[PDB]
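Take a look at this single chain in structure tokens; it is the form deposited without this ligand.
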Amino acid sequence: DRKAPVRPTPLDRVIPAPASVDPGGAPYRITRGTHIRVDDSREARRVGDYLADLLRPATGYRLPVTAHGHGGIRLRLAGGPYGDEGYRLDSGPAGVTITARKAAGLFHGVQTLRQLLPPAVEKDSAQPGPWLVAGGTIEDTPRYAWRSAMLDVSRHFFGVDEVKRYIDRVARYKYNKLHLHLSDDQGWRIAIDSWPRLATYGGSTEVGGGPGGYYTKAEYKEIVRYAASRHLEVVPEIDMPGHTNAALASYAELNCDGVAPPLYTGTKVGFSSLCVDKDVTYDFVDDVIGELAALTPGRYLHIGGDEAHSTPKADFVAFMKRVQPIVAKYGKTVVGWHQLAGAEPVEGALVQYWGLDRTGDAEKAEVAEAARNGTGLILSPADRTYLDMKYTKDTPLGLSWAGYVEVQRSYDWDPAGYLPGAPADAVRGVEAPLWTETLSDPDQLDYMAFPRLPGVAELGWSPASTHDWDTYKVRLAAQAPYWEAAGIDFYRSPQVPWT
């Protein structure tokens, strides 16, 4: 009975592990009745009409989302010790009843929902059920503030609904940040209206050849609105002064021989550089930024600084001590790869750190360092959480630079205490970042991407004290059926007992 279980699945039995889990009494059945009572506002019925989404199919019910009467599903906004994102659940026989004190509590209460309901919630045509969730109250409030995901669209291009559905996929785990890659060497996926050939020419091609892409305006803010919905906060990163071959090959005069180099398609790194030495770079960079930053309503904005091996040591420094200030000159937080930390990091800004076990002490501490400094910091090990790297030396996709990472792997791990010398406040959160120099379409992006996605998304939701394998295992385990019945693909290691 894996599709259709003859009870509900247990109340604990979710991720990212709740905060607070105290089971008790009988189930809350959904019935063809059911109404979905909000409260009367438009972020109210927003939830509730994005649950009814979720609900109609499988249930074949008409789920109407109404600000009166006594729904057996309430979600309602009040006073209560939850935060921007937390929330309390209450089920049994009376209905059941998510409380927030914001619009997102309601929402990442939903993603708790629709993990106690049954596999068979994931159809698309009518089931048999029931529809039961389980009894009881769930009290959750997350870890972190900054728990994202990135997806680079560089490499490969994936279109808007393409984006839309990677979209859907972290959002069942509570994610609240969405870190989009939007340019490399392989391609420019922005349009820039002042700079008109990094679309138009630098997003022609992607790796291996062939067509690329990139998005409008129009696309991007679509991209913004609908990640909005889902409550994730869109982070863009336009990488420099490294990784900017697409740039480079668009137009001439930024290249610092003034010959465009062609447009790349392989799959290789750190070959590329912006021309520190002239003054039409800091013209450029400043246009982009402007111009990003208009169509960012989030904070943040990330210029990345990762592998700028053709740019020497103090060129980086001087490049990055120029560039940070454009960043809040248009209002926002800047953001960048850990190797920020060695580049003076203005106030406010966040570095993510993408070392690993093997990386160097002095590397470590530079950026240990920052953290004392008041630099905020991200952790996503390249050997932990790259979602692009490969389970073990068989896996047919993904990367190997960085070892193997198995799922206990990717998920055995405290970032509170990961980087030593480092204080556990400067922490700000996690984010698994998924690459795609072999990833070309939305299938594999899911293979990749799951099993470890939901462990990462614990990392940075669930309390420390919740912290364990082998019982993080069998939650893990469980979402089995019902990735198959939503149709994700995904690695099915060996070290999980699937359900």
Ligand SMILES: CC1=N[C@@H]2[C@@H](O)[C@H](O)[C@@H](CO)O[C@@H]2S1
Second form
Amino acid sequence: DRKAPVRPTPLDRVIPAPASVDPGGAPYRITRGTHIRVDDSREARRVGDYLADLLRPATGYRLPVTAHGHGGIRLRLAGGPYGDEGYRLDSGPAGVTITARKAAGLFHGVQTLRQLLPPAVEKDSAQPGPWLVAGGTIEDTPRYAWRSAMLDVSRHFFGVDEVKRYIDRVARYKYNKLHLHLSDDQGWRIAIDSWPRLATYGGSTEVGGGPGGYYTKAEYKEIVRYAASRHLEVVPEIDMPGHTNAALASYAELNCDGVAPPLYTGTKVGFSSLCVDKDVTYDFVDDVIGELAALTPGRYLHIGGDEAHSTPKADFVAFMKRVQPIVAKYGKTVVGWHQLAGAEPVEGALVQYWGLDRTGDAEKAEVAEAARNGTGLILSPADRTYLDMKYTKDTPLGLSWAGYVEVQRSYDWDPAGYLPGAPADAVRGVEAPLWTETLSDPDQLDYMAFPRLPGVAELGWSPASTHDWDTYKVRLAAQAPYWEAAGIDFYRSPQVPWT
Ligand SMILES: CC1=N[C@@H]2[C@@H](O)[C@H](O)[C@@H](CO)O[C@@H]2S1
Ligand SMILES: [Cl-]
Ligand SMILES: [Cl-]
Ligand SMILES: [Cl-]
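Moving from the form deposited without this ligand, what structure would you give for the form deposited with this ligand bound?
Every component of the complex follows; first up is the chain already shown.
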């Protein structure tokens, strides 16, 4: 009876671990007549409809969403100590009420509610239930404001629907940002009107060759819209000056020698570089960032900056000196991989650290120094949160350059004191990147994303005081029947006592 537990799931048994859990009294039971009461606002109803859509299939209930009456499930916006993303969830025979200051908070409360319900809730056909919600109160707020998941659509392209699917996977764990690696050596995935070939030619293939793909502006806007409905702020990335072969292959004039390189379909890195010496390089960058900014309602613009190994340190610094301001010109906050820390980050910038344990002190120091100078830090250690890294030497997909990363290793650490000498207040959050050199379909993304994805979300959301592998693995283990019911393939780590 894994799919239909005899009794309700513990109120504290959710991922991320809630900031505060106070169980008590009897649970609430959703019955055929349960109404979803929301405030009389478009945003409030939006969350209500979202919730209704998640429950209707498995319950087979009407679950109407209205702005009147005393529905058994109440979503209400009101003042309180919950910030822009927190909420309170009260459960008892009198019903379930989720209170928050903003829609995002209600949305997060919903993500908790779906875990409080039984595994059968994931099914697409009417299930017996019962639809119980442990009784008590949960007061929940996030530790970090930057909790993202990155999807590489450059190595292997994933269409709009596949991205929507991944978005739903991450929305389950309260991630609030979706970083999209839109360009690299093997592909350019976003149409740029001023430079048409980037997409038509630069997006013509991918790793392994064959058809590639790219997002027309309409498709990209739909991805942003959908992400926004799941309260994910999209952070687009146009990697530069390295990892730029798709662009270079599309316009010969972008290459220092004026010759266009062949489209790249391999899985190596570091050989490409924009021409720091040419003026057209900066017109190109300005045009791209300008058009990308117009498609980005979010606050950030990621310019990459990683592995520009064919770019002399001096040219890299000069390049970043010149391009960073372009981001602000179009009203956005720049984000770059931590190599940017060695090229003078502008005010307000954030750098994403992707080093690992074996990374040298000098490199870590440069990043910690940037933090000291006001640069925000996003932590995504390659031997910690990279979803493309193999679990063990036997994992069929993924890479292993950063070693092997089992479930415990991915979860068992504290962002606050991870980087030596880095001020804890400089840590904006964490990110779980999923590179796709070896992944070409949605099922493979799931296998490499789960079960580590929930863990990184917890690191970004939960209080340090709730962090504990031995108790966390029990909560993680409880997800098995839900994932199985949802058709979400995942790695059955031997380190987890799967339910
Ligand atoms: C930043 C980074 N740049 C590289 C990416 O281009 C690869 O896809 C990834 C594979 O794990 O490794 C590092 S992370
Ligand atoms: Cl999902
Ligand atoms: Cl190669
Ligand atoms: Cl390589």
